[PDB]
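Shown below, as structure tokens, is a lone chain in the form deposited in one PDB entry; questions about how it binds or moves come after it.
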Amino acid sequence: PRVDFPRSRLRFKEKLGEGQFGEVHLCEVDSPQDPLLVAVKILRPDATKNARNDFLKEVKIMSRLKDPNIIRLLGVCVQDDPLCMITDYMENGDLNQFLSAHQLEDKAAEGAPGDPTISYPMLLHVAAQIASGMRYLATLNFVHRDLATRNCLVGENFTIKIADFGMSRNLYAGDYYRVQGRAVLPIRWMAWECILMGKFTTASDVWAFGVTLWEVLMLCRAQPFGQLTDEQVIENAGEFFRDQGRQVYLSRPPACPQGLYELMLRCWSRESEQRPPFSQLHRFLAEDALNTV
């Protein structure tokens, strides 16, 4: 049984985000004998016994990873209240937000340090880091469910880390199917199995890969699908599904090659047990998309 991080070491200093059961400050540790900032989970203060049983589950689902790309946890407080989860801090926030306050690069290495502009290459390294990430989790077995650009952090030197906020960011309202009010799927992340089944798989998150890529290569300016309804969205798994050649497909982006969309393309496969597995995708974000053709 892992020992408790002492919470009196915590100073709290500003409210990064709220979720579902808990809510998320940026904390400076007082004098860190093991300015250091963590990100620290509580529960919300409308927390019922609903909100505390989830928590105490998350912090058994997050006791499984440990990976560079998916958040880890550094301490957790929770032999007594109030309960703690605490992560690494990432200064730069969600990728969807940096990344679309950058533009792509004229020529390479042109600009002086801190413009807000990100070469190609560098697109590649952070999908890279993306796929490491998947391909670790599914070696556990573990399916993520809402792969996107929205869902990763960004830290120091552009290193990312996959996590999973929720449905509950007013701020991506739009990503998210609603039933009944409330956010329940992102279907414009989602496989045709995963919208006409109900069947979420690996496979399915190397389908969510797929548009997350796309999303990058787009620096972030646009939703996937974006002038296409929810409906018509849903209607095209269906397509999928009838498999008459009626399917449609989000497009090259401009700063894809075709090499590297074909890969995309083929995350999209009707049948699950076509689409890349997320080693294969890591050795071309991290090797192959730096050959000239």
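Residue numbers count along the first chain shown, from 1. Between two forms, the rigid core is defined as the largest C-alpha subset superposing within 1.5 Å. First, how it differs from the form deposited in another entry.
- Superposing the rigid core between the two forms leaves a single residue from 183, 74, 122, 143 with a C-alpha shift of at least 2 Å: 183.
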Contents of the next structure:
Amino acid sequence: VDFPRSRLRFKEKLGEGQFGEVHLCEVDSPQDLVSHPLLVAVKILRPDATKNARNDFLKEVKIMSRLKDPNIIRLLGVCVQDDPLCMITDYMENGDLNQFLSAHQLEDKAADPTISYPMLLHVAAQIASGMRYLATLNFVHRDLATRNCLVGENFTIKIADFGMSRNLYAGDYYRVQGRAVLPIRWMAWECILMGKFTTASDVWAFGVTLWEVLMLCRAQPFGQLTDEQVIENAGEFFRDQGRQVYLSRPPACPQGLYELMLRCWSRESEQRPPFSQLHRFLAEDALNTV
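Could I see the form deposited in another entry next, after the form deposited in one PDB entry?
There are no partners or other molecules in what follows, just the one chain.
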């Protein structure tokens, strides 16, 4: 689908991704789009966009064009050849999952918006389903975290990617001059030591994302340890002498679900559960832990 920027009406800035800024737009005659007025999210180049940023933007279009799953952000169209570049996606009206969940507390069984434990499972299950789909494409996300998930109506979740440069989440990334930026607290030990990312390291990051969800996004993973201590913990996984440490069991997390999380952090990549198995546990098995 090709869409004219003239037929868009820009309403407010939603945030920024790695290679452009995102705006909420209205559409009056939304016939062409793949899917009162229709609301969509539109990514455009920054006003100081370089030749390199445009190149990275065009490649993002290509990557996005194949993502077709209910729990992955979906490209509805792009702007026409003569227009300035743009990408159009669905508008997730509740925004960032980290910020959204941070605004809730776990419902008190006995006696300010709240969220139930079964709804936490439903949020986690949708992320697992989206990751299951990505694994079928042999697509490695490399930065799964609640800050990269979006929330629509009725707690529908879409996995997206905002990149690593937003100020709000700067503390979630480890920066060294001349090196790739690294979300080390979400990274499997072999990613930290060897810089290589696989579906099995996405499973590790899903474990941390699940931990985030059960913490209601109120705490950074390994939050009381320094970046240097988190990196040294990867060495303790490598050496395999029983000195490595794990994220602790969240109060909202029953032991059966926590043992699933621990399996995501297995030293051996092949022993980590596939997303097909994680999805089934969260959608079914975990229901007898309510």
